[PDB]
Amino acid sequence: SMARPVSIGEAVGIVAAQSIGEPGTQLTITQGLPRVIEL
Amino acid sequence: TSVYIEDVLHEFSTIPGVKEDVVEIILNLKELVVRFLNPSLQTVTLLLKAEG
Amino acid sequence: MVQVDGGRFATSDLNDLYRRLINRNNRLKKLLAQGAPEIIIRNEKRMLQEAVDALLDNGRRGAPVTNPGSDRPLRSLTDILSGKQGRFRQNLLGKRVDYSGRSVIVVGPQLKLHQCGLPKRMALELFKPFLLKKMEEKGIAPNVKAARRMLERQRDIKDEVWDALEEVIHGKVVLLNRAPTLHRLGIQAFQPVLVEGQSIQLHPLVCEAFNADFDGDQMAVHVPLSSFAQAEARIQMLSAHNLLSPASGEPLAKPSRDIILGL
Amino acid sequence: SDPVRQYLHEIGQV
Amino acid sequence: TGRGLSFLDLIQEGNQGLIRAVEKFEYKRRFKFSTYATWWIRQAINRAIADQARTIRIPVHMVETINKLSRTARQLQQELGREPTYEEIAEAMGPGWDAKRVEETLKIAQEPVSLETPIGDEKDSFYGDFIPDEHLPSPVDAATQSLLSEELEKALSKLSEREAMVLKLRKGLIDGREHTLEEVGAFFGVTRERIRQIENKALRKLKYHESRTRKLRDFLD
Amino acid sequence: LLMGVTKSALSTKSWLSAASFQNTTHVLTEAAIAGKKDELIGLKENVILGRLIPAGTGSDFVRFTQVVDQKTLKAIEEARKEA
Amino acid sequence: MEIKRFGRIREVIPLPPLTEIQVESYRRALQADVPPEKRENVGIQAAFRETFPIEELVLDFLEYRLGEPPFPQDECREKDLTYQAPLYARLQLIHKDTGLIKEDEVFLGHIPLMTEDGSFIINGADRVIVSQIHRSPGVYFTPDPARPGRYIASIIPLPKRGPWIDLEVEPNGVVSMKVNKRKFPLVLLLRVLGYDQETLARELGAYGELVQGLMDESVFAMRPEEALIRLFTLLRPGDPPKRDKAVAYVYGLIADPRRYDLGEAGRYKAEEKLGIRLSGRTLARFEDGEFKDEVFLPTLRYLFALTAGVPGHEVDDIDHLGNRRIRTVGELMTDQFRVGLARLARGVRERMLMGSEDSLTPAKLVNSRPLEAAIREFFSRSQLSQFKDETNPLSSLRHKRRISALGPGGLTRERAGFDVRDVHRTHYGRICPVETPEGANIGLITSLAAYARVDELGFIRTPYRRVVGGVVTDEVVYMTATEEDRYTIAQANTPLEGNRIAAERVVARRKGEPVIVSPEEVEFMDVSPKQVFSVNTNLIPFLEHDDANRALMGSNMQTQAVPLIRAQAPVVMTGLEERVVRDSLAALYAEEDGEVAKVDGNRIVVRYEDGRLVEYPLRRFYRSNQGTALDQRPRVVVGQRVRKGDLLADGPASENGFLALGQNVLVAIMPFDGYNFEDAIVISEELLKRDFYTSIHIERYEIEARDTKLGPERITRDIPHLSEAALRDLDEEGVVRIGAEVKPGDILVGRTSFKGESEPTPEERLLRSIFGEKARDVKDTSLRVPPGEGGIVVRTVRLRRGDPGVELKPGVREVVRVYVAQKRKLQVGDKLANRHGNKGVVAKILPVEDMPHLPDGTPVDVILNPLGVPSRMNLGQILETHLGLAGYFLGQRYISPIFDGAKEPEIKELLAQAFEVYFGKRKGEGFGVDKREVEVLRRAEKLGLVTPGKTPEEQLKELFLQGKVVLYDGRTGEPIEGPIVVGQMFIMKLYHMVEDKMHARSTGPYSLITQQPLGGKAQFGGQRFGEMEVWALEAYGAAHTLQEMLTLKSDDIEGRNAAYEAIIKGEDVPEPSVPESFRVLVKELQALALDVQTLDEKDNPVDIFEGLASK
Amino acid sequence: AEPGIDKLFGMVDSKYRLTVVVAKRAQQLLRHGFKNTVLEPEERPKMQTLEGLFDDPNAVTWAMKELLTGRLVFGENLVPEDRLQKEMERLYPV
Amino acid sequence: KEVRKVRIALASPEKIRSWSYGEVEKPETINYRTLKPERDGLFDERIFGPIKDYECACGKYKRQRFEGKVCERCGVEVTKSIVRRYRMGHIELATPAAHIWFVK
DNA sequence: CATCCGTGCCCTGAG
RNA sequence: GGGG
DNA sequence: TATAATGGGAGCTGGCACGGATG
Ligand SMILES: [Mg+2]
Ligand SMILES: [Mg+2]
Ligand SMILES: [Zn+2]
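Chains as they are written, first to last, in the UniProt record's numbering: chain A, 1210 to 1237, 1252 to 1262; chain B, 54 to 105; chain C, 527 to 789; chain D, 78 to 91; chain E, 203 to 423; chain F, 1420 to 1502; chain G, 1 to 56, 64 to 1118; chain H, 2 to 95; chain I, 3 to 106.
Hints are computed from structural coordinates only; laboratory data are not their basis. Be careful, since some hints might not be right.
Mimicking DMTMM-like on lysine to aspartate or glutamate, the simulated pairs with C-alpha atoms at most 20 Å apart in a straight line are [to be verified]:
#1 G:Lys786 with E:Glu336
#2 C:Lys659 with G:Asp1075
#3 I:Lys106 with F:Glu1449
#4 G:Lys750 with G:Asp784
Here are some chain F residues the structure puts well away from chain H; computed CB gaps all over 10 Å [claimed, not checked]:
#5 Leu1421
#6 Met1422
#7 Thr1425
#8 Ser1427
#9 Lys1432
#10 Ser1433
#11 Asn1442
#12 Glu1449
#13 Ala1453
#14 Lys1455
#15 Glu1458
#16 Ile1460
#17 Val1486
#18 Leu1492
#19 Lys1500
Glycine residues also receive a C-beta, built at the ideal position from the N, C-alpha and C atoms.
Working from the sequences, and respecting the hints, build out all of it.
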């Protein structure tokens, strides 16, 4: 979010979970969100 | 700017013997064009009494 | 076991489960003292075990015990703890909070990126104790009690209290949120600009991060109370300070729609 | 699994 | 069944009645045992239903009264072709019954309702969630009581220590009990008339300071 | 060993987190048998406890930082020099 | 003004009674207007006939009757009563041993009555019973998913009327039957029915390898009695196999008409599928002491023939509308009536044993409490019984035509996949493919088609015109889907010269499949395009130009339109706006021909041809379920000659008989300084000036005074510690006066409650001593105006104890109701929408001088951003705007029917006729072309919109034919650098308004157990900070704000009290403490025999209860 | 955006340390009534009232500006807590 | 002291009894006329604590000058009513019963 | 290979 | 059930 | 307090699926 080294104390796992989940409703010849969950 | 109708308590009332509700009567009174000849005159109270 | 508004009584299902348990326990004691045969005592002990199971985790084994004239299973301790309505997810990992409001949002093109339009009455209620303190500092009220009794009636509200509320919210920020909160930018910090009317004014550039439009969307407002919470909001959560996506690193608050069209 | 059926079976043994 | 007790509970209370019947049976009367047993079994079952079927336990005679009221109201509704009034039920009940008594009896007979009663067709809300807590003081009430105590101390500081202490001891702000005039006089060593005089002059000073500053008026509600 | 996110979240050392996730009865029974102690390492634990989470301003790395003006700083320095 | 209608399609039949699906259903269910001896064995009659005779003394049923309502509909709505009729039943108790007969008419309670419009009044609230779609009973054959070459036979009765039976061919070869989750060989049950190996071998032997799997020697060796005992041992293990018990159980499972009831539709479907005839609605019979098969052998034969691949046998599409049927109001009410009747029968049978076996009357035997309880339950707490949506008349008209797959006896939300929610090809003409909710309930809730009607069997039928040779007759046939699949049905727009098909090739459907077909192959034809869509969807003009996903929103949002005080019909109509006002009995019409004798604001008196003088009272300023005002205005004058069916009074949201859900406004399609950014809408202050989009809303307030153990609650003007300024608008009794203005904080009804006993704190003792004023016995419990509400008091209703005609619930002395109304002007945050799915919130109200305006000085009313059109693909609003410009300058309105309306050339012609008035008027007034108009024409021919070289008038006319005009910016006076689309558009004000939804809370009520703030604006609750909001705060790293959310701002009692005190004292907020919900969790875990211990770093226990819970 | 937010983020190894420093300095200023400020009378943050310019009541803005000046010293283990509190109360009493 | 850990473990019958302030011997809730809690019932004030702050049931001791006192007449301790959210009771079973969590 | 259990978006809402 |  | 009376009664949550354990 800042294009600079991350600060010590940044809750990184929550950010990872949100960044992976937010486009979930957009996932549609394609396997899609079922494939993402299977993985 | 104001209206008082006898035997009428609020705008949502309705007058016996009158076809228009008070809302429509006030809507019609909003179309009234009143010209003051005296420039020192800032308020007037018109009176109306009709029947039959 | 509480008396509601109309004098009626409302009680928890745990009370009925405990009553079942105690009735069966006392009946077992009386049957033992009176030397009942083994069939009766066995039936009573099995019913006592069933009642204990009903109290701890109803519906776990056998048919769930219901109140008379109802198919609704009684709510046991296990049902209270677990589930989407359970204690953890409903009252521990998330709560209903004070100093919060909600209203329909409106595009505020005149706002700066760090700003949001806040209705006057919403701000009067949200900052009410700060406003009481400011009304006591200025000569608007003798003390806090009189200031609150004055704010209680809307017709007793004069225009100096609005200037006092302007003085209260100076420099401070509020938190705007829109459900669903898919990523951390579903909540953002904005400096509030007091506005007439009952609508919240949202900056256009953040509408992409909230996934917000103006076909009827509503947002919630929260007031960080401490100096620590206010500093966290102004430094880390401010809308103008989070311009890039934490997911991709690309710009999130970027031109769109009408801006792109005109340029 | 049915307490009443079990109790009736136990009653039927006397 | 269907009276508020489960089938197995009724079975067990009937077994209690059967034990009583076994203990009271006299075979010399040539009556078969089922005859004498049935009476005690029905007695125990009805007693249990009357004693346990209600969360708010009601004595057995009052339960009989309420059931008689229900039967009378049902007779009146079957004969009148509509639900009866309080006065009609009072009439059908005979002497000693007026509409007020029928109403009070029906009010006493009301059973409580579950806090977990669902609201809406989704499993997302409960009834008790819409029920406020009227017991614990709100933050506003606690703040108001604290401000009242502080303004009271501010107003009592405008007295002397002795005449403020007299009021504090007489009205219970200290130790929680309201001392009699004799006790405050014996604590300050003075006469009860003397302590009454200084109490009255302290109250006079407080009333004057109040009429001057108008501070403690807003706490009069 | 590779396990999915559900099993990995259920198998964490913190029993408060696992019990607030899913399978509350199973997790709670096994943790109560084991006499498990939750060290409040993660976020969900302190959130349930209403504590200050160990991230951001609550991280032990930045939590104990002090601020002092040079006037008071030098006054304290002179007071500690004269002891 | 002139009304021009387009379209060449001639509909041979009008729309059916739109509320007939409710009216006819309930009328057939009750049969109240049929004399008892001539009733049919249906509905309540069928229920009585099924429950009786009660065998055990024998109690038999003769007839029933319905009385007149004890109170009218208005009085029921006023007094929280149910509009109902008394039900009586004539029963004769017979002693078959003595011959004694005692006959009496017993009262069975009251049954709610359906009003004229198709709704009910339950406990004072209007309610609607929504029809329920479900699988039709019968015998179906589905492919076995596990084994491809095999199938499953499903015998399905009516819901709650018996179990589902599954016939399967197991891998081992034997045929199994599945009932109540238990499986057994079907051969045993066949042996109980009396079948022998000879009969089965000769009947099923044509299908080779399966009959040998049917053969079991041990079952054929034993007679049907041993087989019956064996089957009973299989079905009821542990139960001693007494032969009579086995007979009774198997009879009640298969042959009992009281316990097993196939549908009449189920019986017909079985007879049609298997090619047999049923003597009853059971799977077998108990005749002459033995069991006789009815259904099992034909189903087994069909299954074996389908497995073998015998031609003429097919699998069943379970979503086909021939296999899915509707249960309307009558059927659901009858089901619950039947359940209550069975419970009353159990009570009767129990009474026929106790007491005196000699002296008994039908009145002593019958207790009607179970039946009353069942009916009251169905009408009050069922899911299918819903709070009536009467926002506008169309709201309730659509609500009554709703179809739910949910409800008791139907799908749960997880039980619904893609197959159910799908649009089946048989939905054509029956279920609207457009009108369905957006979100989780999509496909589950649907609406009935316009021309559709549900037959007596429960299947939706659609009309088609017969085509013989090439001639289209005027006779119409209402078909089910199963019958529809037989013919080739041509489209309704196929060209015709007279009654003959004028096309060499026509577009037709065969089993829903589209095909090109010669006029000789045409067997039927569609009645109209209108039959494919619902009522709401048929009100969308230019529907053929709108994407389905947005036409859905248009249909669903016409429901949410608020009745406006100056509401008007759209300039572009579809032809249904009159019929909708007609069938939704909001408007008033004349019965016969006659003359109007009297016209008042309260009533209309008409003298008809019969000479009789009929007075119609007008509903004036009545509050609907949703707060919208329902009022009727007279549309006739004294002495006016009216005919049969002529309009007398306009209902809510109707203009001269036409549906008026909104207003026609002059709209310009252009961006505007980002104020219409992302679907937002900019409006003109002139809309508020002439009271457009202004609506009347009434809110009802209620308060009770009751008897307490501490003393009576009294509704009084004497309230402790209140000034005369606070008690100004209250009368002597304490009720606010009619006509007073009330604002937040004002008192509506004053009330005093006796103070709960309490020792005054020593501080209160000293305060009392200082001021010398006794603490009053009573406390102020007055009903006040909630935050954000208020208005004018229009009505007050007071009901005491001891006054004639009124009796309250036990303990309540008196009840007072205050009715407060308010005129709501359109403001920032209110929601607007058109019929094409375009919806937006008002974000800016500009003064008239800033508005873009025409050259002649006419400012536009609404500014819509064009960015909401391309992605949404709803072009119907564009054509509506063009035709509305044409009709704005020609002074006329239009009727563009669905899929057969005005096309582009006709609109161009009307636009030329309008441009003549728009420009030749100017040219005759002595004005030429404007300079800015010339610059705009330059930039327009640069855009290729006009042809270069033509005169300025010709180019302006070309632009006008393209629906675009020169628009001046009122801020600069300079024009917009391009021609802009401007025209009249019909826009509605929706029920979502900022005045209802604005809310905020500092501190307030908390919950009992959790001590967390309550929820909702009505309870002054706080906003929920759910798990995902906590995730957001965590990802930000805002630890102290999160801790505030978890503590100081919620359920940290010490923390929140100290925080409030520190804030009102100007101090910084204190350190938070332990949340009370965590202590609740600890104690609830201790109640589960689990020891939860908070420890320090030394593993020593830490007491978060602070010594309060430890001895 | 907050004035000089980039330079404020440049002062620290962690943004959250900047937040902690700002919050603690604001708490100091609130507790001691702003009279412990490192700002000069012309560097004091101002607020426009109906009367005119007054001191900015928001201590967080004060703290951020003070940090921008550079006259504040931040770090870990700079002074025992009780000693710091008592010396601040000696230099700037309540 | 500051909480650093949270331990969960099985509870002996002895620990359950050490939690309990008394045994609930009756299925009664509150009296049908007085609406006050029934003695030895599920809401008894002698077990779980006083309904009102620093006030016994019968009303002999009504202020904080008595705290920790147990009224001899009604048997209720005079403390804060908040303890009714904390203090546990217990039921003594005639026959042991299995905790279903450790069974199913 | 069967069988039991436990999961299955968030905030609002309102008679 | 309604809304995003 | 005594005629004799001697094994219930709902009719489930039945158009979802998927997977992690234990038989
Ligand atoms: Mg949206
Ligand atoms: Mg009487
Ligand atoms: Zn006592």
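Earlier hints that do not hold, by number: Hint check: 4, 17 and 18 fail, others pass.
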